[PDB]
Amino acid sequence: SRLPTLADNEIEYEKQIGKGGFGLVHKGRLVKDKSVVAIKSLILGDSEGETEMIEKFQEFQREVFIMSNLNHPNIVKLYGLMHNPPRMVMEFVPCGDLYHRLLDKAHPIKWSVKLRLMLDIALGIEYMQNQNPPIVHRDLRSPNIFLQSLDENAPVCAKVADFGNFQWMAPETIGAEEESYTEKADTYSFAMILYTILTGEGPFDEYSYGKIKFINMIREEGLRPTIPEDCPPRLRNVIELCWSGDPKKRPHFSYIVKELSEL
């Protein structure tokens, strides 16, 4: 739908954040709104294969298409597009990502904030699955959860970002033709996000197997991370149901949100 265009006179540049899949990431600011932005550029890789340049362009376009229709506080917003070099202008999220925050073991996130993070992400995914047709992220993991604030009283704590690691992926998606990724695949990945918030640990990090065996254990033997004994029964049930081997047993997000709110 509606995606405004912005020129260089409308954008102020600052620093270079990093390298992405199709180009560069930059920290900036709108001169109109004075609000801070993250800018993702498209760069065509120098030879890199002929077919590599095509998929780079098509991934950039896919991200534009997906982000331009999503409008929710728990999902990173696309403000606009730029042309000189093609660019996406997205809101900047100031407190890093969930993956890196959880690595700080000396400073555990307190329980009330953990619940806010769980609910925030659930709300974002609920919105995605309520679209027509339902939006599927297809790369849900803790590095793609951006942290707005760790204040338990903030309007928004977490945002879903970087719309698309077998330990995050639903069993029916592993080594499968991509169009087997239903919305229920995101629901499985969400269970693993809930697990990582709860424990501060990487999902499946308690196990070590060769890749073929690992996948077989997940797919055929229902191997899942161990939920701690002190986990609240209602949270345990949500996690367990969300990572069901059978995708149709993974709950609708209205149920997930209700259950999490009662924690």
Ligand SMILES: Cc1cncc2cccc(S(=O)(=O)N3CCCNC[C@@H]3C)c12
Contents of the next structure:
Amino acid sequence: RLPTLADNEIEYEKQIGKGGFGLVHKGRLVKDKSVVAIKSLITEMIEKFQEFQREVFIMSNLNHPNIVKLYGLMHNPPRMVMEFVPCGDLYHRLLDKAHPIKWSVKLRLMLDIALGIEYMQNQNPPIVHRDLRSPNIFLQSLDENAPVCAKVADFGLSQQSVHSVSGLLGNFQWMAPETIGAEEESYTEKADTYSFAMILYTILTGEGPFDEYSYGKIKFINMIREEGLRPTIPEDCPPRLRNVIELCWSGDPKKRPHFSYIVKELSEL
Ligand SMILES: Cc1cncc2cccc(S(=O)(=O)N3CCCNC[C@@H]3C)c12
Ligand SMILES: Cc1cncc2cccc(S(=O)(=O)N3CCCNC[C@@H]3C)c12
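Please could you give me the other form, the form deposited with the named molecule bound, since above is the form deposited without the named molecule?
In what comes next, the whole complex appears, and the chain from above leads the way.
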């Protein structure tokens, strides 16, 4: 099911953050002493309750090593109890320029994320995250021999059944073109595939996607949609990686590949 643990089973330790519908806490699980993260819930915008519920539904149906696991629920207030991932997030790690990630570790990271997404796309119906970017990838370990190096986190914006329209304004540098300016079949799983190409770009270069450019917001969106504007892949990138990224970021969603092709090409690098 989704199990309920309320208060006796859990012990709090600190506070590790704020951000979305409440307060996040570090804590631990008293029965076997696993360490966990605890997400709490704090009119018309008081329907972020709907957000909390949606995150629950999606998580309860996922069970994979490269996806953050939901342990249980707690009541009064409403809380989510999830595994705690020790080494921070990908976006912050890439910001340390003095200590670049080594090439073999970079490959693990790329593959580990691709496995997580492949699993999501194989569900019926397919699960779409909708907010994939570097701050949403959490790091379990940076040892090249660890069983797991990276995990997909924060299903704050996602859905089932391949449909949804344009919604809420976004950091457009990570999103597929059919999702930004409005469209109709927009938000299939193919949109996540475009976001994955940006994650590959960032891991490869250590840089933000589209940071080479400066445009006003309307102009930038039009360049990406109509002119095919993309980040520049460096000359020394291996050709096999260059191909995977270019296919993944195609303007036509139908040309973005299946994750079975993607995992195979990455394993050959
Ligand atoms: C959304 C949801 C979706 N799927 C399974 C669930 C199992 C238990 C509780 C919920 S839940 O509604 O999200 N939820 C928050 C409070 C509402 N009722 C009980 C529980 C505390 C589920
Ligand atoms: C789930 C989780 C799991 N493990 C470690 C964590 C460390 C910091 C923040 C979180 S976290 O709360 O999930 N989280 C995501 C929501 C945005 N604000 C808080 C931070 C980004 C962790």
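Each form is matched to the other, and the largest set of C-alpha atoms that superpose within 1.5 Å is called the rigid core. Residue numbers count along the first chain shown, from 1.
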After the core is matched up, is the C-alpha of residue 176 off by 2 Å or more between these two forms?
yes
